[PDB]
Structures are given as C-alpha cells and as structure tokens.
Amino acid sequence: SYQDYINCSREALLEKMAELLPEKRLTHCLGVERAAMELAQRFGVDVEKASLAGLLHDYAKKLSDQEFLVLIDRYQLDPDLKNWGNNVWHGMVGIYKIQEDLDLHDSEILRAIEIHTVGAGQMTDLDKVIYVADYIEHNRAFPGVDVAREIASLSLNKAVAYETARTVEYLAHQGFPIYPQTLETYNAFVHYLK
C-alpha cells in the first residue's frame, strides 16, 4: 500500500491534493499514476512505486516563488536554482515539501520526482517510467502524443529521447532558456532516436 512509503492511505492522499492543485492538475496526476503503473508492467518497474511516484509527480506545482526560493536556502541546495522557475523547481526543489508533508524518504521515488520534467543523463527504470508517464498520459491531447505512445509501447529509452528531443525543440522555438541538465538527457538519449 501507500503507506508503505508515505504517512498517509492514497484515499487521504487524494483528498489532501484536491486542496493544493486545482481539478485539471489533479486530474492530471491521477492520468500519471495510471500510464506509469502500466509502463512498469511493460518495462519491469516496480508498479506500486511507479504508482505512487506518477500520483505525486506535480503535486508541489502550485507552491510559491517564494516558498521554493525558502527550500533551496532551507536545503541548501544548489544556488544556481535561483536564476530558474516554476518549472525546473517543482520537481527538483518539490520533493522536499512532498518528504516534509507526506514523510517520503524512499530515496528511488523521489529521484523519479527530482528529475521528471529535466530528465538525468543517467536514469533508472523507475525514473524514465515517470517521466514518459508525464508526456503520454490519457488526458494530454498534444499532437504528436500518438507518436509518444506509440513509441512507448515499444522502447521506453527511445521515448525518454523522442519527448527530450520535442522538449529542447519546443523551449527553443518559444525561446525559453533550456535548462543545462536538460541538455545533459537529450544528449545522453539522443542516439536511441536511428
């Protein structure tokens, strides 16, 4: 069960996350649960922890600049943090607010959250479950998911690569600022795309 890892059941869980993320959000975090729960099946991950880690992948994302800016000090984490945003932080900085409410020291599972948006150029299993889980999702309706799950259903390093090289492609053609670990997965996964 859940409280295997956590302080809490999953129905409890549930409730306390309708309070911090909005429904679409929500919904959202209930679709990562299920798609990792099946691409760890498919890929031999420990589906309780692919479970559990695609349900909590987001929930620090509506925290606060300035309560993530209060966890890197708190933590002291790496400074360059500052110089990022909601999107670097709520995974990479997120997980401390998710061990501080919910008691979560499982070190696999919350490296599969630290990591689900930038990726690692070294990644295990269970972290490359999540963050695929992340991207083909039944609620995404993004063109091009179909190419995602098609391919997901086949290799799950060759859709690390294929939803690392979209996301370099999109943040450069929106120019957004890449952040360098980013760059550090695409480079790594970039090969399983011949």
Given for the second form:
There are 2 protein chains.
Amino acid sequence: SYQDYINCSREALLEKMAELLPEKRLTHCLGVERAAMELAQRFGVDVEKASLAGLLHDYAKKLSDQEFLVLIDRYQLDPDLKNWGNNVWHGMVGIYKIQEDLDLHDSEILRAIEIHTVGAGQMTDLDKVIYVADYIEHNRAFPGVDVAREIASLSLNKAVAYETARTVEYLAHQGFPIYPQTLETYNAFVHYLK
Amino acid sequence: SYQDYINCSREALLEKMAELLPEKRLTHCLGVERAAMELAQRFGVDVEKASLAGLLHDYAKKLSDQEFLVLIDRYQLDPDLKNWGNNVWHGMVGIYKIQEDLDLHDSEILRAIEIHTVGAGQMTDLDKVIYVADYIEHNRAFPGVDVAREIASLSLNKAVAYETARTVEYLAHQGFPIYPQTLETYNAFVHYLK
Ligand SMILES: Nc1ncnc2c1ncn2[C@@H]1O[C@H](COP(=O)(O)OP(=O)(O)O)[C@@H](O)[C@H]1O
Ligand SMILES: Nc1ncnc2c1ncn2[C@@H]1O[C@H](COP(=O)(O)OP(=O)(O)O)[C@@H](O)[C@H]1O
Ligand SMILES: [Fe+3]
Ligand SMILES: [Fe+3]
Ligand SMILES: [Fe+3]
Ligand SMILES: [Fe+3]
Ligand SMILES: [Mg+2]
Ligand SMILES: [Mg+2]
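Got the form solved without ligand ADP; any chance of the form deposited with ligand ADP bound too?
Next comes the full complex, this chain leading.
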C-alpha cells in the first residue's frame, strides 16, 4: 500500500492533492499513475513504486517561485537553479516539498520524480517509466502522442529517446532556454532512435 | 592584404584550396568571404580579418578522421573530442591544420574559424560575423534562409540566435547528437529572439 512509503493512505493523499492542484493537473497525475503501472508491468519495474511516483510526479507543480527559491537555499542546492523556473524546479526542487509533506524518503521514488522533466544521462528503469508515463498518459492529446504510445509498447529506451528528441526540437522551435541536463539525456539516448 | 596574416597571396591560397576542396565547397568559401565582408562593414568588424576568416573557415572540411585524431593527440586537445566527428572537428581541430599549412597565428581569426560551427557562450563580433556569414552566404538555399538574411541585415546577435535555434531544432528533428558547446551558444543567445 502507499502508506509503506508515505504518511497517509492513497485516498487521503488524493484529498490533499485535490486542494493543491487544479482539476486538470490532478487528472493528469491519475493518468500518469495508471500509465506508470502498465509500463512497469511491461518492463520489470515494481508496479507500486511506479504508481506512487507517477501519482506524485507533479505534486509541486503549483508552488510559487519564492517557495522554490527558499527550498534551493534551505537544502543548499545547486545555485545555478535560481537561473531557471518552474519547469526545472517542480521536479528537481519539488521533491523536497514532497518529502516534507508526505515523509517520503525512498531514494528510488524520489529520484524518479526529481528527473521526470529533464531526465539524466543515466536513468534507472523506474526513472524511465515515470519520464515516459508522463508523456503518454491517456489524457495527453498532442500531435504525435500516438507515435510515442506505439514506441512505449515496444521499448522503454526508445520511448525515452523519442520524447527527449521531441522536447529538444520543440523548445528550440519555440525559442525557450533548454536546461543543460536535458541535453545530457538527449545525447545519451538518441542512439536508440536508429 | 592576406599575406599580412598567412604565408601566401589570396590567388595562391585559392589555387591551394582548389586542390583540397571540391568545387561546391570552394564556391561556398568564396560566398562566405563575400558575406563576411558585408556583415563586417555593417557591424564594425575589420573587413579584412572577416574576409580571410570567411574564406578559410571550411579549409579543413575534407581532412580524414584519422588526420583529425592525430591532431587531437599532437596538440593534446580535449580527449572528449574523439567521441565526435567531422562536424565538430573541421573547425575546432581544423584550425591547427590551417596554422601548419598557412602559418596563420592571428588569435582572433583562429578563434572565429574554431567556433564557426558550434559557436560559444561568449563570441566576439568577428566570431559572430563568421558564424552568420556561413549560414547566409549567397549560394545557400535552404528553407528560411530568407528569414536569416533579413535578420542579419538588422542584428548580428539576433542572427546568431536564429541560426543556433534552427540548428538545435534541426539536429533534434533528424535525431543527431548535439555537441554541448552548441547548447551553451543557444542558451546565451536565445533571449535575442524576443
Ligand atoms: N530542458 C528543459 N528546459 C526547459 N523546459 C523544459 C525542459 N525540458 C522540458 N521542459 C518543459 O517543462 C514543462 C514541464 O514538463 P514536464 O514536467 O515533462 O510535464 P508536465 O507539464 O506534465 O509537468 C514542459 O512545457 C516542457 O517542454
Ligand atoms: N552541436 C552540433 N553537433 C553536431 N553537429 C552540428 C552541431 N552544430 C552544427 N552541426 C552540423 O555540422 C555541420 C557543419 O556545419 P557548419 O560548419 O556550420 O556548416 P558547413 O556545412 O558549411 O561546414 C552541419 O550539418 C550542422 O548541422
Ligand atoms: Fe512535470
Ligand atoms: Fe506531468
Ligand atoms: Fe563548417
Ligand atoms: Fe561553411
Ligand atoms: Mg516528462
Ligand atoms: Mg555556422
């Protein structure tokens, strides 16, 4: 059960998250919970760790900028983080808020949430499951989500590669700064597209 | 004259380059020579340094992989360079071949050739002139070259930003590895697109 890892039941967690997140975001989290379970079944990842991490991945999505900056200082995180924003922070810094609120200390779950946006050059299968589940959950409808879904039915590594390539492409298309850890993921995984 | 910087005349250089490069590549170099001159006039860069750097920028385009690897060892360059290929090498390593062949020692010209492919987080105006001239020279016909040309008539920094964004976008589109120095350029310049 979820209380093996956190300080309340799944039902109680959902009630708390319903106060912190808008409806669309909570529905997304429920979508990622389900998608993570299915991917974990497929690729030999603990289904419970994957479901919980999937549900929690966007827990800190709505923390204010000031709250993140306070967390960066309190936990003495990389000071370069202050140069970025919510996209980077909600996972990479938000894990500390999740830890404070829910008493979450499992290192594997924490890491999977931490890098769910930007990935890393080295990812555990659990990391990969969350990173992919986020992109392919059933509420997502962006063009090419069908391709990502097909890829994820066959290869976890190729799905990471595909998602990361599309994200780099889209950020450059839009003219948004690209957090360097994303490129580390991109270069580590791009060979799987062949 | 060019012999203020190298060990032969422009005419003599062109004869030597005609043996090293296929016709299309030499025509490109002549195009960059002209484009660099015009941009340098516009943005307060020495027109002679810009023209010479423009002509020379792709001098080492046709060196073999083995030749580059030998240069990496002989000059004790970053050993990570061995992980890449001609795209990265012909500028970043090719400068040493240019130096050996032509007795080119001018630091500004050498730097502009060195980073003409990947850029850097900090670029001199001469660096920027070469990086842009390469992309907009009159023989180039890729879709959107017209946009790059318009931008380059108004702002050197915006032209660097635009070129770098399109390159990152296209590399990710194609599923090619992205040399990390390119992202350093991208993140440093992307704000000029606004
Ligand atoms: N390296 C990066 N730099 C900046 N933004 C990024 C980077 N990688 C992803 N993003 C963006 O961060 C936002 C949040 O992404 P993510 O956490 O994956 O999804 P969600 O929207 O469900 O939280 C997206 O708009 C995405 O494009
Ligand atoms: N960071 C990078 N990693 C890999 N290839 C790159 C990078 N930046 C540019 N390139 C590619 O290197 C090739 C050579 O580019 P460049 O030297 O700018 O033009 P030219 O073809 O005239 O020599 C191009 O195909 C370009 O897309
Ligand atoms: Fe997220
Ligand atoms: Fe999400
Ligand atoms: Fe080149
Ligand atoms: Fe060129
Ligand atoms: Mg993701
Ligand atoms: Mg260039």
